[PDB]
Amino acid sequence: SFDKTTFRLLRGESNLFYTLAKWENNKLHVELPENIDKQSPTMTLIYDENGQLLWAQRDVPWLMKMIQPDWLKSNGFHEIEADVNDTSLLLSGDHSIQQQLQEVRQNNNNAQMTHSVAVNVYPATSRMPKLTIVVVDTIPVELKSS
């Protein structure tokens, strides 16, 4: 389930990467230093107006397969369910949550995890072509803080 905090985090990251991105010589450039890459747990994906991926913050095949093409045309919100192993492949970043994730695995037979997804479509501007930015919250809602 979405909460206001998640809405702001996802939208904020979307704006961060839209602002960071630049189009030059017919190509998208996302010059991303490491400390900003690790700043947030979220994972950002950027597609062109035809739904083709231009840049991914991290490459996680199972998740990419779950982002439906028809979700990339207009602003929206979506939730994707996945098993614990897939979530571990998506988080695979900072122990804190990871430690909690293993706790969930042990104490549940086949717990289902749910990941929050926000889609933001940016109309073309004088300096950037039309872009669709997808931001995935890598911390499943079952593990969210209160």
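Residue numbers count along the first chain shown, from 1. Residues that one form lacks are left out of the comparison. Each form is matched to the other, and the largest set of C-alpha atoms that superpose within 1.5 Å is called the rigid core. Compared with the form deposited in another entry:
Candidate set 53, 32, 66, 28; criterion, C-alpha shift of 2 Å or more between these two forms after rigid-core fit; matching residue, 32.
Once the core is fitted, the segments that move between these two forms, counting only runs of three or more residues with each CA displaced by at least 2 angstroms, are 24-26, 31-33, 35-38, 89-92.
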Given for the second form:
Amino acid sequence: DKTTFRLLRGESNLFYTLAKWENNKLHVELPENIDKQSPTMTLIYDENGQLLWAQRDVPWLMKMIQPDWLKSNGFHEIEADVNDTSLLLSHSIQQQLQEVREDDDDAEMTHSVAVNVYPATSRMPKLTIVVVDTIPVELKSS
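Compare with the form deposited in one PDB entry: the form deposited in another entry:
The text that comes after this line covers the one chain and nothing more.
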């Protein structure tokens, strides 16, 4: 909750820091195995809500992010089913998800989402960074 919020807001900063504008475009300089260094998903939008960069293409995830949310700092929650939650990681969370599947394969998983607004800068346009924790809330205890 509070530690989730802080660690998610902290990952937003890492990506902001590592982001650059070259060739009239946004690029992020990330270590080789970023996906594996953290169980998070990041998206980066402009002041008008247009996607500029996605750690990956995640349809269900992109329809959950209400444009409204991009105009202010916030902590939200989105929902996915076990099947989508598992593609977010596609390692041992997989066994746990199978266990959720054994009792209810239509089970809903809740994911925390941090929205961070960055006012434009001399070397950086106004930007909105969105960070989604990929470990559902129902599996945190483990």
